[PDB]
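Next up: a single chain in structure tokens, the form deposited in one PDB entry.
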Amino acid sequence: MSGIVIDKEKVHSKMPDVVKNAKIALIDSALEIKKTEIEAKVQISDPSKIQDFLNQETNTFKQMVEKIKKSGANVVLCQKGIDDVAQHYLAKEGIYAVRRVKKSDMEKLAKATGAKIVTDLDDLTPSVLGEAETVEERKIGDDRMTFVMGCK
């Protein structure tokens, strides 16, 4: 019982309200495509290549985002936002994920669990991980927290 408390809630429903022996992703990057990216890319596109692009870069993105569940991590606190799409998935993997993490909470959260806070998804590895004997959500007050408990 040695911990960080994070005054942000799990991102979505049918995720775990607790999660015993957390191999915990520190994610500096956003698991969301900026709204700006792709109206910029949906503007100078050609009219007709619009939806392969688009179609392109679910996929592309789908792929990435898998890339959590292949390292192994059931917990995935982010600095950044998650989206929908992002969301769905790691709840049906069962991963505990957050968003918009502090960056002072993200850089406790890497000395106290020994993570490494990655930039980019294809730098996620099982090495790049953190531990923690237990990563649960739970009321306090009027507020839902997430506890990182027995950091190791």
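Here the rigid core means the biggest group of C-alpha atoms that line up within 1.5 Å when the two forms are laid on top of each other. Positions refer to the first chain, counted from 1. Compared with the form deposited in another entry:
Residue showing a CA shift of 2 Å or more between the two forms (rigid core superposed; candidates 103, 111, 34, 70): 34.
Relative to the superposed rigid core, the position of the CA of residue 127 differs between the two forms by less than 2 Å.
Just the form deposited in one PDB entry so far, so send over the form deposited in another entry.
Here we give the lone chain, stripped of any partners or molecules.
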């Protein structure tokens, strides 16, 4: 596809404007921390270990987020939200990230670029990535969208 338009913009300003030869990651699941799960770990914690836990979780999440960079990807389109700090990590890692991409677009992009839409970020092997000549921010009218061109 010498074109697929996504009506969603890259999440951070400090993110790349154009991405040449993009390996694209497709995640079904939100790049976020599960409330119920960390509340419970806080609840079952030894009172003197509360901060240890919050710190171990700050590391565990950042690691979950780095599995994108480590799988080689330089573009990530998430079907759901992306935690704000997670958005920071990717902006630093220089990755083009998009959140809340419609399910239809996720599938449309899956076929077009050849990626496999994962949910569990551990199955994020560099084989499930998609490819495209360029991925760019584009502003039509007052919408900031993302063009996925040269779909391979």
